[PDB]
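Go ahead and model the full structure; you've got the sequences and the hints to work with.
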Amino acid sequence: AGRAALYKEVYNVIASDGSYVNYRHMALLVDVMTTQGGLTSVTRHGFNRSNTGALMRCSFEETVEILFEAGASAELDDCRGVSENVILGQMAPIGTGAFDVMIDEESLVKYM
Amino acid sequence: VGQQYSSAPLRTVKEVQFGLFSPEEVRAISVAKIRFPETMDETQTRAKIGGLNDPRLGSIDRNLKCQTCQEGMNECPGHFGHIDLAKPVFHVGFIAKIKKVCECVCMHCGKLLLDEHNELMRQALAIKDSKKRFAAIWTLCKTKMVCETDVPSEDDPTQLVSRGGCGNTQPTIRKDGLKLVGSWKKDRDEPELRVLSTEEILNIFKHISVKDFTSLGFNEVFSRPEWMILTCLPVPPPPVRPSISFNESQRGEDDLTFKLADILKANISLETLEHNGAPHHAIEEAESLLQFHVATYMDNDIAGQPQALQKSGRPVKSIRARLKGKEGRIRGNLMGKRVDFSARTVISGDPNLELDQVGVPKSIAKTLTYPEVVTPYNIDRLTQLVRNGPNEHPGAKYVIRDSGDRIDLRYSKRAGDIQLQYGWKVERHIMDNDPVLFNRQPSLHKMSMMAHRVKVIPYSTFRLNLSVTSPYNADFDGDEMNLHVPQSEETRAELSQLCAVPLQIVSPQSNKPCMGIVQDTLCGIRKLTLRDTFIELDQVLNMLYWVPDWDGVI
Amino acid sequence: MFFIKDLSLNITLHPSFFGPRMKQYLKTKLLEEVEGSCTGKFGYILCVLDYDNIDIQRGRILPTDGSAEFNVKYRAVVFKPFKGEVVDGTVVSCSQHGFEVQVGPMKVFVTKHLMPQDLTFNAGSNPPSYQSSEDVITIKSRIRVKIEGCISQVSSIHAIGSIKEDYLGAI
Amino acid sequence: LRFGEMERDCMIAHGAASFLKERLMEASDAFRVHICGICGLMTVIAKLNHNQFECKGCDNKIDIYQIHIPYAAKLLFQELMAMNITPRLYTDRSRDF
Amino acid sequence: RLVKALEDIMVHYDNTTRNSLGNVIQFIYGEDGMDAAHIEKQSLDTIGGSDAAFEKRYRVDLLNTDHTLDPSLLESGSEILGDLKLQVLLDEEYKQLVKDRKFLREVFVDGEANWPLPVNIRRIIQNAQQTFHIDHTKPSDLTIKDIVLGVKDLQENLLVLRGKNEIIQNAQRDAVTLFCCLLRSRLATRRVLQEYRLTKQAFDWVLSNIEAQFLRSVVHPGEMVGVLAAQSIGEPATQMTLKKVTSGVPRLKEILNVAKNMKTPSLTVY
Amino acid sequence: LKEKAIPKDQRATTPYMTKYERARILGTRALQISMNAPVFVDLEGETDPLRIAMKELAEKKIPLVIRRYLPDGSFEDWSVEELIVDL
Amino acid sequence: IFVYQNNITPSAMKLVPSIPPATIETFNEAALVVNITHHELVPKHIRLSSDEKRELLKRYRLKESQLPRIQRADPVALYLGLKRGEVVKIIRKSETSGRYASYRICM
Amino acid sequence: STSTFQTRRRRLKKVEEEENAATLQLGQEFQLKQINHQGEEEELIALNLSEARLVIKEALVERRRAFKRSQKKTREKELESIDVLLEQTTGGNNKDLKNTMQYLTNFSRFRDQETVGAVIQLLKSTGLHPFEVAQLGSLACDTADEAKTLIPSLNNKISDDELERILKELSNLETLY
RNA sequence: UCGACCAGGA
DNA sequence: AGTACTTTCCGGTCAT
DNA sequence: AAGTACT
Ligand SMILES: [Mg+2]
Ligand SMILES: [Zn+2]
Ligand SMILES: [Zn+2]
Ligand SMILES: [Zn+2]
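Read top to bottom, the protein sequences are chains A, B, C, D, E, F, G and H.
Offset between the first sequence (1-based) and the UniProt record's numbering: plus 1342.
All letters in the second sequence, in the order written, are residues 2 to 189, 195 to 560 by the UniProt record's numbering.
Just so we're aligned: 9 in the UniProt record's numbering is position 9 of the third sequence, and the numbers increase by one with no gaps anywhere.
Offset between the fourth sequence (1-based) and the UniProt record's numbering: plus 1127.
All letters in the fifth sequence, in the order written, are residues 840 to 1081, 1092 to 1119 by the UniProt record's numbering.
Offset between the sixth sequence (1-based) and the UniProt record's numbering: plus 68.
Offset between the seventh sequence (1-based) and the UniProt record's numbering: plus 108.
All letters in the eighth sequence, in the order written, are residues 4 to 76, 118 to 221 by the UniProt record's numbering.
Errors might be hidden in some of the hints.
Here are the simulated DSS-like pairs of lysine-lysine, each with C-alpha atoms no more than 27 Å apart in a straight line [to be verified]: (1) B:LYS132 to H:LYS139; (2) A:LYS1350 to E:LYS1102; (3) A:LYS1350 to B:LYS518; (4) E:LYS941 to A:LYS1350; (5) H:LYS36 to F:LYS70; (6) H:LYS212 to C:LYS27; (7) E:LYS1109 to B:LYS132; (8) D:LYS1188 to C:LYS23; (9) C:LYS29 to H:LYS121; (10) F:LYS123 to C:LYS27; (11) H:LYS71 to C:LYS41.
Quick caveat, the hints were computed from the structure, so don't treat them as lab data.
Following this line, the structure appears as structure tokens:
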């Protein structure tokens, strides 16, 4: 029910201006804020504390502070984070990169 | 990238294991003793002493040598060095924990303060979350200040069971500057205040149990609490703290290269006290100095004021400060960079380009280049551009051959000569219809960056179509815009197939198109409509001629 | 002693060769970078078996250049001596510090003082030898050696062997 | 010019995967370093000529990789190391999922 | 913020919305798996309107001189009147359009019937119209079975999720429900013949199109939805240039922060 | 790893090619083509790689396979051949 | 289920989790005057057999953690009395598609 | 390089590299329990000379064949017969294989894939470990001592009489020249 | 030639 | 309830 | 400047 409100309110902030945003968006956000458990805030205090990798949170509001307690608790980073890769110079699993491409030697013969 | 082939297989990083350096490793890794604090001048004689920077580490003066590693400057990343401290020191950023850990374990024997025996503890030992056990465990035993030797088991509170021993009361602790102090309460009365020497803490940790580590948010292999205390100090190599030479007979050393210089000094001075007139505690007045420097070197924006100002009152750039958000490494070097193949100027509308185009001024199109690969399909056209030169427009300015070597088209005694080789690359000029990424910051839209078709035009401005104005959110009152040029046959694809303005027309941000018709065109499209408005032959004809796709049917 | 280990390799193929008979090329290159190789963990790679059923799997295309990368899984005949391994081979070189036997693709060397005593070293011989009461060791003479210690290096493996134990010497 | 945070976010939204990389690597930083397949570090003393590779300490010469990462990132790492923190670069996942 | 807090969220190939942990955030992007781009405000006619009018429009009774399709519309008009085996499909249909009504009135209590929905049906037909030069004069050639049985055969193919099982195929029905209401609303026997004189040709076309068009409006696994949704909110937040409540920008800030002490607290009790 | 490899049957992803997929196939193919790779369609005179790719991809004569990973890591393999190309 | 009026003594409550398997719950009168589940906003939840759950997981290839969670003390979690591990199925109305099926595990 | 069917999870501290001795302790890459490509388990594969000579020739041969389907589109006597099989299906710069064929073909102890078969069927009743079940096949041995001493991994795994019988049936199968 | 400030542009 | 602590694209000058 | 979270 909270979600329902949290959304309703957020929706009103955008409607009071006479603008329009398709549900899905405000929803998605209102959802991200809720799933975890209750009201997770969109601030260094909340979300940027989740189980997400280090390098990722690392790029927002606490950096070193976060990096320090990373090597100290021997964290392990998946490198599934958009950020993660951006920092490494690798292709992020995003749209164009949400999959791999291969040369099927087989089909490469029926073609001739 | 980097150049020069390596018989080393190449992969992508898949995981990042975070840890803490073990003095022993630090040493193994190092290729430099690092004893002297000086820089070079082997008695003014220019070079580098086997003291600081390059006692075998990286280099300068444009000279191969990197421990024969040669390759020189560009290619030889740095090679860490080390420097054996005198006495254990904290890690400016870990102090917080180092303390919170002691409050979790009692000295002398060094072991937990709450076994499976205490139930409230059990619950805190099932929680699988390093950040959370350790945040609950602590809250539980920060209070108890008596290393219990006998506790009431899962049975009668009458019968007492035994475990580890040494009831030596536990001292509460507080933080004063960079040192830990605590009081031991004596009953019969009054406290007992003494400073917890690093040498001591370090030890108590060394003895903490294997399953004790882990129980508390740690890791037997990558980060044993005992490592939060610095015994051996890694010495970042030039590239981390490069110089800056005004030719020769001058200096140019970097901030860091000084704090080490300091840390080093402050280190030696100490040593020369424990092997000489050691007025016992006239030393711990110079051991705090090491703890300081080796602290400020990493973090220099603490609570205990002393900024460690460097002669001239300039603050001192601590390592931490280099990563701190915005304008720094992480956020301003990795998440966002300066880049090549880019240009920017003033934008002005032009009611004559198709929506998806963008007017690029010859000036730029002759500057920006696109690497094309010599192929039978283009050989001809390509060789022509080359011949053409880098000054005429449709031309090019660089041909690179398999032998990884750049032929600078504007100088090379063979500019006019040259026959291309299938496989060679011919960095040519941007030409009519080279998809490009156009954009106007602040970028807060998919649309703040769109792909247009390059239309080389005269005069100095990016001439964008009107209707694609409201998406970038731009006017011509002196607004500037950025242009980025793709580089790989596949990169373009990524622009042209997902970023092309035509595509952006209808926006998901509000399930409605996001570009329309404005100003004249709009204002005018109304008038031109009205019942009252009629047009006569002579003109109806020109108008017809104007819609390029007119079927030619008056 | 000779083994038949199951190995695999990764070859990076340029789009160029993305022809009709690619498989062919791959295999071919597999062979260029294996047959004749050497490691400490595999020792001498000598010959790729079952040339025909070589598994290529689908190779994946890298992502900056079209080069694809296939994990060619194969099987082959290997051979890596060990310390304490007894083997016989043909002598090749013989000096005043010992003779060097050649156990297959490898060369085991035996020190003058790692042989017996009654076996001296004759210099003014042609070709160079080592004489005994009843034995004579020189070039072609076949020996049976006990590899005392192994030393891996580059693209080869050397080792020192003795002939001071029993049932060790000529044949 | 500068391809800042916002300019990234847009490409991410576009799903313009490779392009992003291209801006961040090839058209800027892009650097090639060598790793220890054992202790995920830059230790490796690569002589890229006599193909020697070593890495005394974790002591190698055999298990070594090569990677491409923004020079700024290399630095990020080296900097972290000087702060006594270890960022291991592993070329294969072992934690599954 | 908004952005950095949703970077990692994208639709994965299973048609679920997750982040870098794999934590499902939405099981179906936007509670429907449709890409915002392919959507328009349509009207669920089945909702508004007097209980009276509803009948006069969707109700067909083959057992009645005044509630049957006048044979001037259907080719097989006269030979149908009275047929009982048809009046069962004809009643099934109606008991459904009715179930629909109540359902919608349970979701959109406001009565508001205009909503963003994939596949613009109004137009898809408008073309069916002048594409076959359909004359509002001569009679159709659709079997009542033709209509009712194809419309049903349509919904079967509007696949969002695919899965080969119950739990999944069950979500399928869910994430389509609303769209269909609108579907059944516009392809109701009476309508299909009295309002838009469709021929078998037209109809079969209208169907094929609705399916394909729908299938396009699905979301592409790959879309970095998070960054999207973020900007989509944060963008019009910049354009905010400024009954006695807390307001816009400052309020939004208040919400995202989840502040305990909000300037305006209010509370409306009915 | 084959437990992470899903059968051609039991397959469940979209039967249609995602815009990113094709976007990348074309690119990737183009790239290779510009690399002097072999072209499986008669160039009706074309000479631009991404153009040839657009052609290869329409006669579905592109020897590529899109491997679609799932959140848990298991993947599904599809062929440009199979994949329907609406857009 | 025990319904107290103004409160229970902190000496008493520490006697509920002392007799497993059996379980006990504490509810205040004033909190039960109105059924929260009847509220316009709160959509209907549902318990899932440790059969229906082991399924939901297998069908999405989800690990327990990646699942949306509900508070052990969440109002409705109590109304039905969940247990650390039980999954609730949340079915609500939607302005994009009539009904939306969601799941909440417990912590 | 050329990875080997077993991803040993190396967690930083690589230090325990035991010795290599006829204590049947061969590198981790040669335990008695290694893994086959299909994913199955399989006994190590120990080859005694002349048994190898046959496995190599066998492949080097069947190579020259599938090397022509595609082409369209007595002691001293075998030295010459093999040199050719190489200068046809080998890299020619595999100076090792050459030298491995000489050695392998000179010190070999069997000529028939039938004789090598019996050798195996015999030794494979010993329960002995592959490496021994190799050396025994490629090393002349008259006494249980010449044996149990040049293959010290035997010592207590087989009664001298028994091992002596085996040595008897070996010289009896040992093809002439 | 790392930087600190100030003025200013959309 | 009080104390403590981090965050808030693109000339000229002076000097380290 | 403010706000929260942390002690
Ligand atoms: Mg402006
Ligand atoms: Zn070097
Ligand atoms: Zn104690
Ligand atoms: Zn190493």
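(request) Starting from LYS1109 (chain E), check that the Cα of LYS132 (chain B) is at most 27 Å away, please. (result) 26 Å, holds
(request) Please work out if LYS212 (chain H) and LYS27 (chain C) have their alpha carbons no farther apart than 27 Å. (result) Roughly 45 Å separates the two Cα atoms, so the pair is violated.
(message) Next pair to validate is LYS71 (chain H) with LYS41 (chain C); report whether the Cα-Cα distance is within 27 Å.
(response) 34 Å, violated
(request) For the pair we were handed, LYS132 (chain B) and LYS139 (chain H), check the Cα-Cα distance against 27 Å. (result) Given that 27 Å is the threshold and the Cα spacing comes to 60 Å, the pair is violated.
(message) Tell me if the straight-line CA distance from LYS1350 (chain A) to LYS1102 (chain E) falls inside 27 Å.
(response) 15 Å, holds
(request) For the pair we were handed, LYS36 (chain H) and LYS70 (chain F), check the Cα-Cα distance against 27 Å. (result) OK: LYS36 (chain H) and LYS70 (chain F) at ~21 Å, within 27 Å.
(request) Below or equal to 27 Å on CA atoms is what counts here, so check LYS29 (chain C) against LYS121 (chain H). (result) Status violated; Cα separation ~32 Å.
(request) Take the C-alpha atoms of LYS941 (chain E) and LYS1350 (chain A), compute the straight-line distance between them, and say whether it is at most 27 Å. (result) Holds. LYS941 (chain E) to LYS1350 (chain A) sits at ~24 Å (cutoff 27 Å).
(message) Please verify whether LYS123 (chain F) and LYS27 (chain C) have alpha carbons no more than 27 Å apart.
(response) 31 Å, violated
(request) Given the hint that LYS1188 (chain D) pairs with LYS23 (chain C), test it: the Cα-Cα distance must not exceed 27 Å. (result) Roughly 32 Å between the alpha carbons, so the hint for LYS1188 (chain D) and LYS23 (chain C) is violated.
(message) Does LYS518 (chain B) sit within 27 Å of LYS1350 (chain A), going by the straight-line distance between their CA atoms?
(response) Answer holds: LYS1350 (chain A) to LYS518 (chain B) is near 22 Å, not above 27 Å.
The structure fails to meet hints 1, 6, 8, 9, 10 and 11 from the earlier list, while all remaining hints are met.
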